[PDB]
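Starting from the given sequences, assemble the full structure and let the hints guide the process.
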Amino acid sequence: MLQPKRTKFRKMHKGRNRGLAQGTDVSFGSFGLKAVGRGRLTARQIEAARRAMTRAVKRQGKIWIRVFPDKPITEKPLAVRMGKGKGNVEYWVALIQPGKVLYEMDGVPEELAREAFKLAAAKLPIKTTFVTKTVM
Amino acid sequence: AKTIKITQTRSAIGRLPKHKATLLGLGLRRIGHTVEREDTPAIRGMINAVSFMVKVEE
Amino acid sequence: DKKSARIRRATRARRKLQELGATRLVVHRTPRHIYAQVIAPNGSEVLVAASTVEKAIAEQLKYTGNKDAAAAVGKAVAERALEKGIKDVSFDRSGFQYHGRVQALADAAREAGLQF
Amino acid sequence: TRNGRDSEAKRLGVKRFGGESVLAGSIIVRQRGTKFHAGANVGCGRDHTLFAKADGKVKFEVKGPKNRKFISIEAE
Amino acid sequence: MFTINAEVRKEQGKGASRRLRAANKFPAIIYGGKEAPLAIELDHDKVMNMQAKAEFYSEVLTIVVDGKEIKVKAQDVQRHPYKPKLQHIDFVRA
RNA sequence: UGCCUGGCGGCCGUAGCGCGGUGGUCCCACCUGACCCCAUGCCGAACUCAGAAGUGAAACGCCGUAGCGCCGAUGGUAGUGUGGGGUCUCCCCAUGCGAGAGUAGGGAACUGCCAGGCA
RNA sequence: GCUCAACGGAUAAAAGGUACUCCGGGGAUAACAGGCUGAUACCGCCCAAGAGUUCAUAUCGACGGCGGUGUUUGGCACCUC
RNA sequence: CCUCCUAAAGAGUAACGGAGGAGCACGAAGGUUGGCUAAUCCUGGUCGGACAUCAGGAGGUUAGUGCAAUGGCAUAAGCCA
RNA sequence: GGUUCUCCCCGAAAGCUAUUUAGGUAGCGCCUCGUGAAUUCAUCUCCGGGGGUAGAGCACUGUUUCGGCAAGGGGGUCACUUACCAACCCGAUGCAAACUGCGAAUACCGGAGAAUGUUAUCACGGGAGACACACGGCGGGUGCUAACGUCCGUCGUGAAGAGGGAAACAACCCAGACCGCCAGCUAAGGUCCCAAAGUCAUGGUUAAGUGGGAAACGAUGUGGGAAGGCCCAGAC
Ligand SMILES: [Mg+2]
Ligand SMILES: [Mg+2]
Ligand SMILES: [Mg+2]
Ligand SMILES: [Mg+2]
Ligand SMILES: [Zn+2]
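Residue numbers (the deposited numbering), protein chains in the order written: chain M, 1 to 136; chain Z, 1 to 58; chain O, 2 to 117; chain W, 6 to 81; chain V, 1 to 94.
Worth flagging that the hints you see were computed from the coordinates, not collected in a lab.
Note that the Cβ used here is the ideal one computed from N, Cα and C, for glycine as well.
There are no misleading hints in this set.
If you only want the chain V side, here are some residues facing chain M, beta carbon under 7 Å, derived:
1) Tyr57
2) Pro81
3) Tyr82
In the DSBU-like style, the derived pairs of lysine-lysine whose C-alpha atoms are separated by at most 30 Å in a straight line are:
4) W:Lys20 with W:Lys71
5) O:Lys17 with W:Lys58
6) M:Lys8 with M:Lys84
7) Z:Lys55 with V:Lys14
8) W:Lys68 with W:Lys40
9) M:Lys127 with V:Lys14
10) W:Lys74 with O:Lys17
11) M:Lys11 with W:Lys15
12) V:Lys83 with M:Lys123
13) M:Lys8 with W:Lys40
14) W:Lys15 with M:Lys84
15) W:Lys15 with M:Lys86
16) M:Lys127 with V:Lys83
17) O:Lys76 with O:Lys63
18) W:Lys71 with O:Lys17
19) V:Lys10 with V:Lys25
20) Z:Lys18 with Z:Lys5
21) W:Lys64 with W:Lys15
22) M:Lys71 with V:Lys83
23) W:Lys40 with O:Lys17
24) V:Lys34 with V:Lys73
25) O:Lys4 with W:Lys71
26) V:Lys14 with M:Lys133
27) V:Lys83 with V:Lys46
28) W:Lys74 with W:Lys20
29) M:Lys14 with W:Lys15
Here it is in structure tokens:
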């Protein structure tokens, strides 16, 4: 599961998901998977979508993960009043903007890329699309 | 300077305190109050602030 | 480094006289010669300058730089300063100790009648 | 772990901005370290508080080879 | 070899730039050399088909604007974040 | 007035670093000697004294070089005041101001007083 | 000379029970219930490795995703002391 | 009571919001004068290794500052007499 | 809990600080009245400013992916190496309320200037009330980017404002009711009737009553735009 091994502080504020993305072009491989919608990707969603494609793109080529969560979300458990400080850390999320390249793949045919990225788009809570590396 | 005319179009109820102070500096009191002003950039900058709700006749 | 350690040593004494707006008397010491300049408080111009590389001073000297030469040029700057009348200059040791020719150039100018 | 304390916020910041004519002895900038440095007619306090030493206007300059900020007072 | 029809821009800033992108256009620029930079607007659908080939970024480009053929070269391209579109393309006179 | 060098500045990397070349009549630097004036938390390295045998090495000054640092547009993008609107977790439209990064490019500083040497 | 530490410090000097209770109030504040909300719960849908002798979708479904109902445990303290 | 963030580019700004720390120490660890420049790493090497101490080189404050943290500090507020 | 005649003018607050205080009270802010005061204050323009938030970036403080180079350590060795693990450094790429080598918009502070405003400003004095605020937009903390949830900043309205519109609906939109009239022009909002006004004109879309509640996702529904393959040696 993708999570930071060590942080300077345990907790973090809620924040917002405003602004545009900066991960625009594929710069590691030739094929990419770019996010269209807006939302957050939890630690389970990034791990499951990596497992979802890897089944069909068997052991050749190379897959990069362009994002990293670096943001915890705390929860208040059931039958607990409001207050009593901030709750305990449960799972890590990543702030994702429209235009962020999430998943990349190289060393595969283009027809194989269309299949695996379709199989990983259902596991993601936001809409995605297929992109291809353009030079310069 | 030369004379222009400023006529208020909308009301001053839901406005910001800066927009309420702008209409007091322009001498506008109600909808339809046509009054004469000078065309200096100090007055023109007051027009640019409330241009959504005033009518100007050059 | 040799020269840059001398500059950082004097730098506290340089900018302190800048904060007071007084006229400083800097010295440069050399195994050959010795220098002394009276500087305006802006720092970009001098008013009284006399050294031992000038032939007017070196004729009466056996060697160009010693404790006898610093007494000669210390008086020589001080005599040119009284002709101008800068009258309570400040003394800048400029990174050297106040033991040798720096002390000899200062005490010679104290004997002439300058207020420092 | 057992958090929930905060001190009284000390009233720092710039109290006299540039262009303002101040009196001799007035406090310009209250500060902890030397965020601003003393310059012309400006004294540095015990707690690094920069104050006025002459009647004039506040002038901010960035001098020195280390690109540090200064406060100077020019005569009005 | 590539010929691109262009027109000179009459306004500047992001105000005119967003009005061109809502009207199937996008702004660009031509700089380099001893000449002043010239504000250039370009048709969006024409450039989008041409840029799909690798020769659009390597070869020497020709632009016909105001009865003048200026030989340039593609230096940098700004793309839309999530849609497959273009934003701004840099041109160096070569 | 030119060239070269020292001192104190203005300025604070378009003033730096690296590389290559060069300067010794003067200048500065190292160097010579040191019982002594003094100095070392050991040490004449530094500090400082007394001298000039030697020398442009180290350092410094200048010239040349775009490897690096740095400076840096035009246009575009992100953001935002005011007003309006939408599919209202967000974004668009009208108008005003305009980034950051990156690119073209600039760039081996400039300048003031005074002193010395050469012509 | 005060850990007056409850630290702008009611006394030099102070722990409990009340279901035998009582008064003055309060929906400004709980318990029954409504209402708001939908984490949880219930139900449905999308992608399909795997189970189904072979064979994803006859019957099922991991890792994950999107809703509906207001239906459990709640959250809130908006109506009512 | 103190430090940072929440705090929305002045100040101010809450919550049983997020991370700590203090009820001192000090006659020098104060004042002043005169000096001094680390962290890390390379190479060399009687005892000597991972470190005892040095030399030069690289590096130029990432070191240090009686302590919590921030803002400072080379003219050093660091260090020594 | 209740407080009884009328008329006119002005008009709050639900904040801060402190409290055996938390539904109380005091000072201050805010309200009214009176005196006094500088051209005081507000708005815009220019000038003088300080920024480190939005964003952006990874030099620094932390984190993270890949590649190259690799001291060391393990193993093989009769001084070197191997299909081993791997720090630092270098290139590429992200993320951060408590990162900033960068950097706004406005806001804020000061100066000058015109216009406008019944001094709207400050000082002082007499008397208060209030210190339970609500929701909406925006910037957030918290909560599930749940709450007609809670806690702040800012603005608006309500509270303390009727009227018109959103069917009805304090907080939304328009607009602040001196009174009378069977006048007109308009705002938001509408024009086939209920119910006042186009069964209006032009160019399209939709055939589902969508409109007139609801997502991922699925489909030869249809309208619009650009780029290709094949074909009068006869294509589909
Ligand atoms: Mg706009
Ligand atoms: Mg020597
Ligand atoms: Mg040499
Ligand atoms: Mg820029
Ligand atoms: Zn089946």
